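So the structure is just underneath, and the comments pick up after that.
Heads up, one of the protein chains got dropped from this complex, but the rest are sitting where they should.
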Amino acid sequence: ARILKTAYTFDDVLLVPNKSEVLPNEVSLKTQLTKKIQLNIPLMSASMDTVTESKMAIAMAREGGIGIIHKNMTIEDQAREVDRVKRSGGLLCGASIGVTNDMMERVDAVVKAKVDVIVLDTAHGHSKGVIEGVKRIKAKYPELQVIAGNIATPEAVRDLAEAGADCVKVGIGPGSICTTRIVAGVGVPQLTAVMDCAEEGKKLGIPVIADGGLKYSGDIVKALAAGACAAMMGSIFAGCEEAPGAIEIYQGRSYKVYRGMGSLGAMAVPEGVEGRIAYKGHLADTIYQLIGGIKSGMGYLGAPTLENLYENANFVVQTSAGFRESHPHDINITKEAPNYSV
Amino acid sequence: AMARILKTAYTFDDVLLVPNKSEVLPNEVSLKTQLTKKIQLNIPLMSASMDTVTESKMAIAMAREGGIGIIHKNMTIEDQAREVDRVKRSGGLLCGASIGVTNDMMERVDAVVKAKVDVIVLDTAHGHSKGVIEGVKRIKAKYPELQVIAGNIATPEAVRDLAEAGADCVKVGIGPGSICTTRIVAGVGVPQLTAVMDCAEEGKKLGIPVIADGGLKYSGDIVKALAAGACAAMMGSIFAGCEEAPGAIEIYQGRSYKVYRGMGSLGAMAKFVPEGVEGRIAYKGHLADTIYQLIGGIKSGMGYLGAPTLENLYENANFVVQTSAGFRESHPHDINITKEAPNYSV
Amino acid sequence: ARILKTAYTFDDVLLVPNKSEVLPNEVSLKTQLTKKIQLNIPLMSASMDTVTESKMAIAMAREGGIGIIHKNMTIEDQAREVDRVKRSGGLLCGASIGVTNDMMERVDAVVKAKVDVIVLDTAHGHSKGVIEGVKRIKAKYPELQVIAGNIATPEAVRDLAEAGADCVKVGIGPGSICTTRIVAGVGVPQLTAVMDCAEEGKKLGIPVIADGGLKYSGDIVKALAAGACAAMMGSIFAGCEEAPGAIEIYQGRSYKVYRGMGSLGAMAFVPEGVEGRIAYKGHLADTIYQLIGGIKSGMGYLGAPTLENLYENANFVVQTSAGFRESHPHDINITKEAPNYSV
Partner (left out) sequence: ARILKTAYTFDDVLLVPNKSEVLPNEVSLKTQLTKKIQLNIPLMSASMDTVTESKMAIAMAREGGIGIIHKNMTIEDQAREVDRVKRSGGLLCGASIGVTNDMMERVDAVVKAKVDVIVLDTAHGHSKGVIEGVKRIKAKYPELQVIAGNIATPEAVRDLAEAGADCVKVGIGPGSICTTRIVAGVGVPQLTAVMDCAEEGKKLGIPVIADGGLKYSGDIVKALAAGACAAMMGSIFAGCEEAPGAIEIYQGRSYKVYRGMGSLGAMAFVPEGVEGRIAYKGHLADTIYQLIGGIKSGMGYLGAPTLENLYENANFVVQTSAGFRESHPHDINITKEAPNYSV
């Protein structure tokens, strides 16, 4: 039983600027989610019953990303949801699958609805059940694109790619609503997890998704510079108008419900919590700020594409003092900024 | 010889366990552990020997759940014997008794032995001392088969010296306790994760187990202590609010509290300078409900690490260090929690 | 994509005392801003529309420093502001230029008004547009002093010096109103940025400016010890009577507006700064006095009669968060105002 190293999250690191011949308006955000699936922007919405149904997925895809329909619903309803996204323009769409008895039955129905990718998502992706589930899926549907998660190690990338996954999803414990690391003691701070896993995926030719723990646009730049093909978010999108759930008002402020899929409410021992986040308005305005920040970061790094970003990215580690310097400090902020908050 | 800085030492909140390949489900794992070579526990949990934590009611409840309680010694010799006696006659449950380094030490041990106590815990502020080492030797001479836990310690050298004195198990923890001020008033101690790991390593070489005593707040902390090599975890704070702990239920402004205090606090010693504090913690209802959450957390952690057994968990556990920013990410963040979780509190 | 090292900001480090044969009242604060421009004190006011117009630049220069007139104005008005400064005595003045379609005509205007230095300043100075800008300016006005920024790597120092910069300005992300590091993920903790850049500039013969993130006089000492020729500040000066903006009273205290140049309000669409209020400080002279006294104190502690000697002989140690807590006052209820400390 040994200590391997210090592992870092997004707030621990910064990207060093490079020489740049490209302006933020000239960079391309295109990325391959699998070898067969290109996104126009590297963003995905979490498959949670408070984040992504057909309305969110349609909106994500029109912006050039993708939404993964959650599976806290009957098989027929999830099929319906996928079908509505597919009929709204041949937009891309995903569907969540669990390691369950009816797993193949749920897969058959979202395939019938012509889902583009299934996400075999589970608390612990580096497990025999997930490995065998991927092998059953790829044996019946060899061309069906499969994302498997969640994981946090190069060995997990290796075993899941060996099983036939086309993409793997990284993140054990970083979610805003997640208590996995506290109740089970397990996880890897997300920037080191993505860096280590994406480096392994690149050697195998399998992309990785940086899933969870993202709070600012600059976090996504770091996830992409570390080598993730795409970034998945629940918190950043669950307050948008297109997220499921009504808008609630409490003492002058408008909120939407957001909860972990492993919380008591979502399941009705838990590994998530349930709560409220601020109402953000329409997805478009959030995406515009996220993409603007990504384009700026890429301008700072001289990267015209996502791959060039990864190839020339150098991180430095900052201390808690450096974190205090990186945020605004020693000012009473009195005007809303659209891409910042405390 | 000169003073030196050895290394950085870590507490539970500093580290995370890296997930392994798993072929085991949380409900398939076994929590059986050897507290000593002759005492098996069904779950690796112990309740602390404090006068706000463990008497008969608590020890009975702990044994029923598969753990064990250590009856505290802020008690006449006779009362402690009767406390042990009630646990033994309550269905043959395991029971332990706390013993200090006192002039009547052997008279206290005699009485709990007669009450058929299964283990005695010679616990004191500084276990790595001549008084403790001579006391273990005296007990193992009069009672060669009596199981003896000695503590508290924090170094591998202390494991060896107490193992050579004849201890069957050593208890690790100088300063991690919720109510403890040792490190602040005396400047002494070792962050608990590193203390458990370095002592467990030495104990494994010698074949003596180590207990991780103090500083546990969440079920995931227990997983880290077991993964660092402890055979069992000892908790005061987590159990002091349970209905089975001593003390009445106090209500102040809509919340329910129970008293919890260090054995080295002024109040506990009136019943020197103090090395503990006195206060209140939340009432938690029945012990069974807390243990359920603890065991569930432990089983989930073993599932993530691919460990069907506690020895497999130690053999394959890998830790990473996280910063304070990583700690912020590990807890729920950027959310207004509006519903209680039964295993997470703020 | 890899991790280079840990990088430090000012609060991460402390300077070790040296043997001293000099009293703080004997040190000299002269610095070469460029080869041609000497300042009597190594302080600059930021080129921001809530910090430096002519009033601020005139006071900074009378105190021995310099102000950089911001460019959130028409070309004509910026020339008029520089001209106000030059007509108010022998006063040094600077003017901010950006990478814009009308860049050279803005430079022509400020040159005609007799500006002493232009600051070609933009979010990312290590860029082809800044490099081409410096070359174009130097090709037309070979003797005009050019500061280029902002940057944070030794490679950018070398490229901007090769382009013909006379001085480079270091700082990506540290400013009190800046969100660059949060929104784009990019920056270098400022003490390490200044140290690594100044060392490259020393080898090349080009000075560097420590711009941004400075809060106390001690911070400036650390910036200068790390090799910067001068320190540039916005927050420390924006609350002064000579900065732009009225004085606002609210619940018994006095405030002034301070905002990033990349905030929505300054720009009037993804901002890299915020907008807010800071305490009114009174006259520039009194803040400068405290700054100077603290710098002179630090040079006393390090035995430095000059700023070059301070840099040549300074050693740092890293402190933890607990060391930070010990470095500030602690375990006291402060009941009297200190003119050079506040919580």
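Going in written order, the chains are labelled A, B and C, and every chain counts its residues from 1.
Methods note: a contact is a pair of C-beta atoms (placed from the backbone, for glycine too) under 8 Å apart; a residue touches a chain by one contact, two chains touch by 3 or more.
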{"item": "Among shown chains, those touching the left-out chain", "value": "B, C"}
{"item": "Contacting the left-out chain in the complete assembly, out of C:129, C:273 or C:300", "value": "C:300"}
{"item": "Residue touching the undisplayed chain, where the options are B:2, B:141 or B:248", "value": "B:2"}
{"item": "Identified contact with the non-displayed chain, of C:4, C:247 or C:317", "value": "C:317"}
{"item": "Residues belonging to chain B that touch the chain removed from view", "value": "1-14, 125-126, 128-130, 153-155, 157-158, 161, 174-176, 178-192, 194, 215, 217, 237, 257, 260-261, 265-267, 272-275, 277-281, 324, 327"}
{"item": "Chain C residues that touch the omitted chain in the full complex", "value": "8, 10, 13-21, 195, 198-199, 216-222, 225-227, 289-290, 293-294, 296-298, 300-302, 311, 314-323, 325-336, 338-341"}
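Simple rule for what comes next: only the chains that are shown with their structure count from here on.
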{"item": "Where chain A and chain C are represented by their mean Cα positions, the distance between them in whole Å", "value": "39"}
{"item": "For chain B paired with chain C, centre-to-centre distance based on mean C-alpha positions, whole Å", "value": "55"}
{"item": "Sites on chain C at which at least two other chains make contact", "value": "321"}
